[PDB]
Amino acid sequence: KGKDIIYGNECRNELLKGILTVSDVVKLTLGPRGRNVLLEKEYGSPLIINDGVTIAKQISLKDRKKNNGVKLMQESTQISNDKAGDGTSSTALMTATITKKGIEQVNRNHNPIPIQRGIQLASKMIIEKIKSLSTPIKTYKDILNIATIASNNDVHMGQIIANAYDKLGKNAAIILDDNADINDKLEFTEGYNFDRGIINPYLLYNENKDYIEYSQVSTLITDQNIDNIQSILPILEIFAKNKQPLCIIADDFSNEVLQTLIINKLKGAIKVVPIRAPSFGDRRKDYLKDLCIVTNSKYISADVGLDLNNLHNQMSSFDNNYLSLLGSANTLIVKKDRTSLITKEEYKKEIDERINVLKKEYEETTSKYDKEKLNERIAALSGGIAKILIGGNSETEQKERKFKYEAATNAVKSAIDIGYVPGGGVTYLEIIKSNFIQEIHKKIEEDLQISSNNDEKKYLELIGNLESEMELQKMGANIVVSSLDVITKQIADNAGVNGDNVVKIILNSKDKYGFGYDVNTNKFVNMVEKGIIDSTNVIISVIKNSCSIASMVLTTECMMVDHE
Amino acid sequence: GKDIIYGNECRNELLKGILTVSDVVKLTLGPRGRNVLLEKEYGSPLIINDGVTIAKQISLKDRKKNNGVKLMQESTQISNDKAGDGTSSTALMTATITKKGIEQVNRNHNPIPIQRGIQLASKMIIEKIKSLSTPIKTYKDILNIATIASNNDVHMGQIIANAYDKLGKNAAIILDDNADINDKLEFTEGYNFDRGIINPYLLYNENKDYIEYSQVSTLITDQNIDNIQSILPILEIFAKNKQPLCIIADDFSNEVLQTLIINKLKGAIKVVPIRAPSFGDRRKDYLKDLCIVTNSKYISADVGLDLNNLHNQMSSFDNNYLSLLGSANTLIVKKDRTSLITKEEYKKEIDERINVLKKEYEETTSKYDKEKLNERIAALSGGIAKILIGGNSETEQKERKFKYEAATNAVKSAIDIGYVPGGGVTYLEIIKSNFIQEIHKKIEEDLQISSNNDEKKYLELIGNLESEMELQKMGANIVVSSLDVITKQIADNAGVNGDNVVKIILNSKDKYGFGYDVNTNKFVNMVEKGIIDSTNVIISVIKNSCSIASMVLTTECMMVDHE
Ligand SMILES: Nc1ncnc2c1ncn2[C@@H]1O[C@H](COP(=O)(O)OP(=O)(O)OP(=O)(O)O)[C@@H](O)[C@H]1O
Ligand SMILES: Nc1ncnc2c1ncn2[C@@H]1O[C@H](COP(=O)(O)OP(=O)(O)OP(=O)(O)O)[C@@H](O)[C@H]1O
Ligand SMILES: [Mg+2]
Ligand SMILES: [Mg+2]
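As you go down the protein sequences, you meet chains A and G in turn. Letter by letter, the first sequence follows residues 68 to 631 in the authors' numbering. Letter by letter, the second sequence follows residues 69 to 631 in the authors' numbering.
There may be inaccurate statements among the hints.
Taking beta-carbon pairs under 7 Å as the criterion, some of the chain G residues facing chain A (in silico) [what the hints assert, rightly or not]:
no.: 1; residue: 92
no.: 2; residue: 105
no.: 3; residue: 563
no.: 4; residue: 565
No lab work stands behind these hints, which were simulated from the structure alone. For every residue, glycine included, the Cβ atom is placed at its ideal position computed from N, Cα and C.
Kindly produce the complete structure, drawing on both the sequences and the hints.
Below you can see the structure in the form of structure tokens.
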């Protein structure tokens, strides 16, 4: 055992070499007309792929030092974790460009702290500008276009997402399931979806699937906060002996009643999902009642006499059966913030009847607060869940398409939340052609003016040059700005056209916001008209990740590899 | 086969290892420290900013140079996972002083006078820092020391501050691992006396330096366990039960101090032998209180239950040996101040007992009895703070656990007479107030009271007097010249000229506590902006650095088993 330590410029240069390797291999696949990359498998078959994520997940350099940069970019972009969303391919290129431009300056006797400050400020200001340059999603064609673009121009899966959003609402919970066929079929099933998820993520340290999937679970819906573990202990023991999945929907969960026995034992012999009731006030009662009618769980609450702290005294109410007090559901899917449950085929009529009653109450009350509360309740009760059965020609193609669908759906969700901006890298070019660099310059100048003259003391002038601080801050800003034409230029270059000249045309022609070059038809058109649009969150995340990684590498001053 | 190396070569290689540790740790000094990349063979690289976490992984392939690294990893308790606050600064000061001293020793100089000067400078500086401390009075002071000693973590700092405000000026705090990511804070009724681990040998298995047992069975007595055959049935019963056992006796005779043997040789029986809390008759009363907090049948000859011959006539005990003991929720045995979390069942009994004691407080005039009874009631009541620490990973839990332990220990040392301006200005004060002349005067007097006392040429032929004095003051100068490294390194890591910051602080106007805040790039008052450190941390930093430097200077040989 022995470590090898390396500091300063050498460390930054090796990390930069790894980053540049990842970018040099990924930028070739940017755009729909990206080039192909051949990967030889020792299993005996070579694969020619054009997807940047698949190629990036296999890049690894023999140089243990340079490989650090590769691993760093594989983890910062969530590529190694198999959760890398859309835009990571562009993030690699932008990150490498910004990091190289910054490191070349830092290694030349410059100060990295002011450059990092300028990079971070430029990132924040550019994110605000991109937010101010976004447009909301209104028509269905917008959803179809964003889904197809975020799906590497896959019309089939794009249409699937579009139809999943049309037959459902703009808050539809879509579940991705594996299929045995070669086509991606779409189904719909009635269910309930609220706005609560997995409170303590440690519940996933057994199964590492980022979600919870339990089939035919028994529900225990209450209204109080489960504090005394000896209050629900008999039900817990019963389900621990039968080994059946259990879901508990309480209001809160005392500190010690969720760690001493729930999380540590589920990794032993018990299936429990502790979700909290979704509420903003007393409305919790109504939502819990709806959940108890959807699954027939016998609403537990002190208001209805059934107190969760003494269920042994009233043992002659629920017919002495601790299980007749519980409910049932087909499938339970608990995400980070949106629990979903598929209603059983038996209660279908009951809930339907309840829905009718609620409708009868909707046209019988005024003041707009009861009508809005009832409207939200009816919309939640009569909701649904879209099931996308994804398939492929191989076992690995299924997982690839699964990741593709996950990234596309996440992009569509971020697009229904925040707006959308024209694709093709024109959004990055707008901040360059509209002179936003002068705005960030003015911002750094004001931030330094409120600190230099304001502090009436020359104590800060000798510990550092003021003009040098301004020059370095604006230097970092210039570095972040000058590395925005790489996306569109690389996309056009991979298609076989002069990328730099395309950028020059887009920057010199003052057309509306969104004027770009379509590589599928090699023609200069309007992006928002032909449907080439991206979600604002994707672009914002791309620039934020690139700037954060660049600043982190600039701040890094030491490397340790266990080999000497 | 061994490889032996002496003198300057050995010292130079040890210094190279020490310098490696310092060069890798000083980059994280201060809140604006730089990042360090550590590659794990698992496949994931980690960007860390904590000096302790990075120092625990530095290891050189050079078996000889690696010795210095290991030396500093053990002297600062880093390898033992007991490194408190200030170790990051201790590394830098130790390396600077050690290099300055070795460079002088290697030039045919004498290391003994330099070592003497270093030790004297350390003692004098410690006394000066003690005289430069201020008492802690307001709660904001506790919050500030906790936040600063916690690597500027407002959450954990506030947790410690609230644990000390909502509790007494002792705050028995227990640190436990949690499954959540939000470090929660709880309070639980309990009993805390002034006894600890009478024999640290019980820690040769667990490297946690403390004892934490959940749902233990208590056996509280009043006599001295002299015959092991008096508790042998209970030990045999517990040999079958994999349940924790705690025995609170009065003296625990020499040979009955074998339970620790069965507990370590095979962990078959788990026994914690704590001693009586008081020195005298009050121990009986305290033991009775302990027997009321836990359902323990107080053993003593005055109440008839004698621990010797429990099979005598005219007794009640049915030889059962089991219901005679008590129970508790959790038992925490530290080096001192043992803690027991009261059970949710005996609570009312204790309340009643407390009330009875109060009835005796307003019924007696003897002030000594009212004081003893008041302390007893205060001990019965009270609470214990439980800090459930968590993280985003399994290793982050232990990392935050060590962080919380170091921060709480710093606050404990600060509640005593300890409070000093942060930012390394305390090290700069001994430089700005010409204290070097004070240490010079001390060595001059210590040598004058010895030079004119012999009145013969016996000491002048065995060594130059002026050279000896010059070397002693040389060691003192070495210790003094290495005090601006803390503030300079912090300012340098922040992106500003560190040396110029030190010159400004020393060449400032007439102020005392005036420093440079790197978080808001401004020269302000440390005591005003809450940037304060515990005097014990600074004292330990200087003492450890000087001790390690002197030890390295005295070393004259190295042996590595290789070639
Ligand atoms: N038909 C098109 N014409 C012009 N530009 C396009 C077209 N389709 C997509 N783009 C642009 O190409 C970019 C997407 O490139 P690509 O899909 O190769 O990688 P990515 O989306 O950045 O990351 P990932 O590979 O993970 O999806 C988008 O920013 C979009 O603006
Ligand atoms: N905001 C601040 N501005 C200037 N100096 C500070 C500030 N906060 C803390 N310091 C100084 O930095 C020192 C603490 O540095 P740091 O926390 O990096 O390592 P450490 O506390 O010496 O050891 P460890 O890393 O084990 O905690 C303290 O002595 C304190 O005086
Ligand atoms: Mg794509
Ligand atoms: Mg600290």
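Cross-check of the supplied hints:
1. 92: Since the shortest Cβ distance to chain A is 6 Å, the answer is holds.
2. 105: 5 Å, holds
3. 563: 3 Å, holds
4. 565: 5 Å, holds
The structure shown violates none of the earlier numbered hints.
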